[PDB]
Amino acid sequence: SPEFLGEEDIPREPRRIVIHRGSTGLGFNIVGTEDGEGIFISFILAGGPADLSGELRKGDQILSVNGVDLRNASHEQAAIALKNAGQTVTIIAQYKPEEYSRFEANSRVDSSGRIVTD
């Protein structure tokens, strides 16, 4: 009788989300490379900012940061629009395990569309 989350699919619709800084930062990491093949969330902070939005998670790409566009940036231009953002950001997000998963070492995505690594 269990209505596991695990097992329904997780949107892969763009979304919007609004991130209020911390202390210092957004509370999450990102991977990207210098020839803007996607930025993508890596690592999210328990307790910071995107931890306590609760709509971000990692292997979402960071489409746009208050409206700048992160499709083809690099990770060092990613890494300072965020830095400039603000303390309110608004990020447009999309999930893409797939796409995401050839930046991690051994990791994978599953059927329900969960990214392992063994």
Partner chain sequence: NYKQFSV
Second form
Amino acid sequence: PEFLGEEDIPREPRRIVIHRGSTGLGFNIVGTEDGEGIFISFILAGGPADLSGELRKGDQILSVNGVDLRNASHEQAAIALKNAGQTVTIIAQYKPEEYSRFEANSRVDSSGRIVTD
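Now show me the form solved in complex with its partner chain; what you just gave was the form deposited without its partner chain.
All you get below is the one chain by itself.
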């Protein structure tokens, strides 16, 4: 048996296109007023982000529709995403170590996966 859980999660940036018409994207972001990164904290089962099958908790949102979000505040990133239109092109990059700082009792294992105790 060949388990996915054993192999490394790619750390390279990826392009994800979410086609959502006029509904929510189906995920939550965490960030700071400082601009220390915008990260996916939660993906809604059955929502557009989930249906893409290409985003996960711990992804940093680098940009939306060409708009650089690496140094965005949580609020301005929210605005950008809500107003991104029906077709939303996200560049994301898996950053579990940076993400783990936000969530209590969380850490990264050898596979690169986020674990909460």
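Numbering follows the first chain given and starts at 1. Between two forms, the rigid core is the largest collection of C-alphas that superpose within 1.5 Å.
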- Message: At a 2 Å cut-off on C-alpha positions, does residue 22 qualify as shifted between the two forms after fitting the rigid core?
- Response: yes
